[PDB]
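As you look at this complex, bear in mind that one protein chain is not there, while each of the others sits in place.
Think of it as A, B and C in the order they're written, each chain with its own count starting at 1.
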Amino acid sequence: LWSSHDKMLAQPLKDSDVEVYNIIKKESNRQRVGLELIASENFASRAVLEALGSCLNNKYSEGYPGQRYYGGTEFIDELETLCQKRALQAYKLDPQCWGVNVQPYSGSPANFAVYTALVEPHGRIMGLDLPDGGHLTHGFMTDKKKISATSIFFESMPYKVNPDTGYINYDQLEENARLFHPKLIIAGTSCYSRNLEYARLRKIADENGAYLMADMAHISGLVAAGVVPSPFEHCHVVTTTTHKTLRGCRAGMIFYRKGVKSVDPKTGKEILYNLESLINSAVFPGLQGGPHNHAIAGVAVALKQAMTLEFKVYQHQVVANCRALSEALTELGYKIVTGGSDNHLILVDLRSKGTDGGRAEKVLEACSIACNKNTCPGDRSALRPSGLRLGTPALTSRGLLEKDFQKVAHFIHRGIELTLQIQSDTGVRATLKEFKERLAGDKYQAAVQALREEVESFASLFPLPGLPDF
Amino acid sequence: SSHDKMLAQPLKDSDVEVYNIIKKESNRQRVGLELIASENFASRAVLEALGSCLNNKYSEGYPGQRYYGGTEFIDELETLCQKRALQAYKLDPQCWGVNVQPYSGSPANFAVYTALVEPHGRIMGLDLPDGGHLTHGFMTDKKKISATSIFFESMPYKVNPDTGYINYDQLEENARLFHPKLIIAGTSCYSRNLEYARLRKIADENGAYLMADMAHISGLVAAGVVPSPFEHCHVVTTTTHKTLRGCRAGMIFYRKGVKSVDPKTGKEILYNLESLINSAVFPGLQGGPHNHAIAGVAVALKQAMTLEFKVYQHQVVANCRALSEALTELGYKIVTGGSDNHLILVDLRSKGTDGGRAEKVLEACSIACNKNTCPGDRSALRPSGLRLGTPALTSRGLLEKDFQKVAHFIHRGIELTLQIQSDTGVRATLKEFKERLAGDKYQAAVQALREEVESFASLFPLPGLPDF
Amino acid sequence: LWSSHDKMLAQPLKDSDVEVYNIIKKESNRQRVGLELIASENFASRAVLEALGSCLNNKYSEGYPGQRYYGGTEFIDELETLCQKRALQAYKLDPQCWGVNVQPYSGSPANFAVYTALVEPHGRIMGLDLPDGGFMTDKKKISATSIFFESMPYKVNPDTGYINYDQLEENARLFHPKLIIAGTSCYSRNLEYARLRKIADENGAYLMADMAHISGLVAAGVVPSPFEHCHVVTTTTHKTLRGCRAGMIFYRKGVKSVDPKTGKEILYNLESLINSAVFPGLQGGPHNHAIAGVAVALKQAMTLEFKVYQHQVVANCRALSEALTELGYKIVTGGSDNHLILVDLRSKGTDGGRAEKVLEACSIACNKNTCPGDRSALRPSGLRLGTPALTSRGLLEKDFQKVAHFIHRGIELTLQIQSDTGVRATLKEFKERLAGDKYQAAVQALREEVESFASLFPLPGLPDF
Partner (left out) sequence: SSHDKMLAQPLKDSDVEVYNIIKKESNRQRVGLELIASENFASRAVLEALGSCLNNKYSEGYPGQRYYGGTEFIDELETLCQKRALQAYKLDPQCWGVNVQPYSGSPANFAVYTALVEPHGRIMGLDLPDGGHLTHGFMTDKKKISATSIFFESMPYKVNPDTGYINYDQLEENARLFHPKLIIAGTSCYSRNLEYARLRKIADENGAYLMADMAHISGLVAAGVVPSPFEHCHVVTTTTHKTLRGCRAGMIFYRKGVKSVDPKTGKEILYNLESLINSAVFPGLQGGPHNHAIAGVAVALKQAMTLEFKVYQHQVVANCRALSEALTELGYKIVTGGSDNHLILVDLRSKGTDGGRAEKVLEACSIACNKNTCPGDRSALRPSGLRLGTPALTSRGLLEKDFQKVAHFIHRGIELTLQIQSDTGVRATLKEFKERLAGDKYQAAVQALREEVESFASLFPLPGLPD
């Protein structure tokens, strides 16, 4: 009846479902007294959380503003226009010579859409390899079979970097591009701790009449603050994610050039760009249908908050804390790839000690500390990584400082010593299973318990931003 | 304390533009009239579970082989969601697999395609102009539009124009020549149902797989009023925002176990679709799964197991039948005789007007609706069918008398449409009709109708946020 | 030392190598005293034989006339132009609205070139199936045409034996093909090119015809000419024209259609596409000897001799069919207007193969069939005979009657052999015991019998060889 219907769709989750409520409570309690060092995570603001749970979920609309398939979408069109304006003004771009689109759901759909729109199906692709700081959506083909969709539906030839210097090689890149004849140059970055020469990439792309593509998903806030040079001056298409350093919901953005490309030497006809129409026809209904209106408000609020001086101060503090942490780690006796790191994520190398990344990451996880393992440029033993990638994208937002980061570095050093002790006790010839079994030792259990208790007591002082009342 | 104030600033103090936009949208949705089958309201539990700390967690991978560390809570939540989804449709636990990683229907369909189709092979589905979804396949002569036609070779069949029933002998005789590899069973606008037994028999005779799409009738299958397609099907795709009243996500149901026995050696052939379906989603097409969407889907699915959901579905179908008979009593006939589902395809061929004019005039008087190509239509750029449904109306608390009053309102609206049609002209074009739709008397009439429907619907509450 | 080798270098083949010489002599003696009924073979005159062994086998001139890559190729260009003119005039085709290409080496290369020129990689092609007078199954893939391009064949009505245009219309409207193939190898009835042209114009696709079996019939004027409706027509010059193994491609030229909106006229682009796909697409240097042979063959076929030969072929075919029906033998569909005939023996006890083997063992070459309906994996169920093969020697009505009598005697002997071994016998057991003495001497007589019938007529070809 009417009374039973009210208590069904208008009842809080605290008493309706106690399983999901307890799960969320436990997750919040774990993330409140735990230190996170993942270079691809960050806490969102309360405004984004409130905008995500708005009433926009009960609105299924299709089409772009002006040619909507359904009716009564005036507010949706206004919100989309406001979001596009905020996205175009956040990076200080010209609306007449640039375009933005927030229709894709995440980074993968946006990349697949831009591909299907400009990759020329059954063509050739050229991007950075995966082990030398590259993404999976940038081509991953093996000798036996392919895994990534881009490698299954298209042909891609990745290039490696110098294992000694550590920088991306550019001399052989031009020859490989001239001998391969590609149609799109990808410069994705996943673990690279240095910058890239966009001028040479644009020159190589123009030499063969191809296009240049670069994704700023890993470096999104620094580009808006002014710490990292903006790549909107040499690339044709730019994609990014708003769930890394932008402090927003999971969404995708696509930037393209709109205007004249070249001039005709015969008479002088201006060749207009043919990327906006292709991207629009491929993102919808070429790949997906009805977009997510609940994330538009969140991404708009995030883009608006990123324009304030607080965002710039936060980015400056992030880079300062990153430099301090790198210097502290190098002072203890650890080797860092390329010396330092201009970005926030660093690539720590542990090959000098002889311990792989698997056991180190497992122990660091056991001591209530997050981290991600990766391979080093020129690693012979591909089965056991020797790199422990770190990042501080969310620690600064809680209140971490120089002394706090120094204490965290000391804790990491203690964990490394514990890993070395466990490895020497179990032997080097042993496999990973032996290390996992030896980790449960009485002495090792007491040591990891004391370490986790100390790190929890030290991290419990900093607050946890999020949604109150629970 | 600027950093702490910015990260905790309310929505009303951070940005007022988005707040005012959300308020206006909520008000318009509260006082209005919705008759679209795709539109449906959501509960408050899913809205509260969507926006939480789950967005801060980012860990990609299947339970048991996670790439990151310390994700036992996410694994437990995923296992609970899978168990709930398996126990909802009363499926076999050790013979069916559920996947919730896809973001929506399109990514799930693309994953299933890249997993069990072998690109550039054979594909047979339903035609788009004859009523269907664009993801099922759309290939023309000018240029390809849908990804199914760009990455695969689609070969859809036609439907009967007079009887309106799905033909079978044509596809039966064409499958022996085209040699399809995967059969599609999904329609976006169809009054009748589909015979899954014949489709399964054809798939077994030709040696291929079969997939179904019951998104529109999702809720209808959760109650038990529509024959479950899991009896003679292999792959099933279904969203959670058409009838289930949940967040935007997808559900992929697949069969696991033994397929056939050897004729001589008698060796069982174990299924191998699990590995392919898993590799297609991650790390094949998607990366980090959305934990908030999974939690919302789990809540919306668990809240539909009680008798309340069954009573709601029964009342929905009863009210839909009552509304259909009430509208037909005035003379507006329904194509294909009747409709056993919660959607109706109204046709106004005898009136003379098409579907575009009716949709525009209805949208002008705050009446949600949508057009669609009816069986036997020649004007493809301007169809003549109107898709109507009442899934959200019954969810608000509307009764029989209220629906009768709504029917009277729709009758007055149709009278206004006939008036503007006779005043504009029988030979008027599109632009002329759109510019002449606005009239003094017509403006006053639509204003009075809007005020009346708003005052009548204001007494009914709105689920989700409390008066927000 | 070098002087002694120069003498043997220019020595005849009879003194250089005796093995191949004896092999050629034995093959000639066997084909002279033996008679065949194959429809895919025909004796060639000495003109093409002398032209193939000319000095043109050493010249290497790549490219088309006017765009050659080497120098001193005026004679090659003149010969190619003469061959093109002869081919264009052999079918009364206007040179301003029709083309010709003799670069391909056979029918398969020309067909593949036309396919890659009109159908882009991984395109849609519509053609006739292999069993119903003609290829891709649901298990494996053999034909390269189906490997590089997805093809959807259409079925025909098995009751009346005609192409189902009603179903073909909807099939082409739903599948939306690009190139419709109009060719067959066993279909005795004719084809309606008007319906195919209308379907191609409605769906916006192209039409391709294959007249390799009637290459000569269209030249004489017996069967209708498919050039009035088809766009691209390809054929060979080694089945009916009595020439060498080669191929010819004919394409349309001029204005395709007029657009009232723009006001201009669209011109054909078949010439450029074919020129770019043939060379250097999949072929290198053209065989000048083959061009000279086909040129002299087309020149000799321009006189009334070819027409009277085709008329005599039709008359001999009708006489043979009448003689076969008189002896008590059923003919499938009662013959047709072409030269090939399908003799049915299902009512005698053996559908096919069993009698064909014994016939081949008695100096009587025949061919099987692929008509629908087979108990085993693949049964012929029909004997295909070719009249243009034996008429090239100078046979007449009485000659065909004697051949029919010999065939009847052979069929009776085969029936007796199969009845002596039984019906439950397999193929290997039947082929092993096929050398039974009880009939050996018998067939022996029949053998010399046909021999006495072959030595009386002269065998065409090159003298002294």
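Basically, a residue touches a chain if its C-beta (ideal position, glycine included) is under 8 Å from a C-beta of that chain, and two chains touch if they have at least 3 such contacts.
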- For the unseen chain, which displayed partners does it touch in the full complex? A, C
- Item | Contact partner of the left-out chain, one of C:172, C:220, C:296 or C:313 | C:296
- Check the options C:97, C:255, C:282 or C:327 and report the residue that touches the missing chain. C:282
- Item | Touch criterion as defined above, residue of A:33, A:88 or A:141 at the omitted chain | A:141
- Options C:258, C:266 or C:462, residue touching the unrepresented chain: C:462
- Task: Check each of A:7, A:92 or A:122 against the chain that is not shown and name the one that touches it.
- Result: A:122
- Message: Take the complete complex as the reference. Which residues in subunit A touch the chain that isn't displayed?
- Response: 122, 124, 141-143, 155, 157-160, 175-176, 179-181, 208-209
- Item | Interface with the undisplayed chain - residues on subunit C | 1-2, 5-6, 8-13, 16-17, 19-20, 23-24, 26-28, 30-31, 34, 36, 38, 40-60, 69-72, 75, 78-79, 82, 105-109, 112, 116, 121, 142-144, 147-148, 244-245, 276, 280-285, 287, 289, 292, 295-296, 299-300, 305, 308-309, 356-357, 360, 365-367, 392, 394, 458, 460-463, 465
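Please note the rule applied: only the chains that are shown with their structure count from here on.
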- Category of the chain touch graph - line, ring, star, complete, other: line
- Message: Please identify the chain lying most centrally, where each chain is represented by the average of its Cα atoms.
- Response: B
- Count the C-beta pairs in contact for B-C and for A-B, then report the pair with the higher count. A-B
- Item | Centre-to-centre distance between subunit C and subunit A (centres being mean Cα positions), rounded to whole Å | 65
- Indicate the whole-number Å distance between the mean C-alpha point of subunit B and the mean C-alpha point of subunit C. 58
- Message: Measuring centre to centre with CA averages, how many angstrom lie between subunit A and subunit B?
- Response: 32
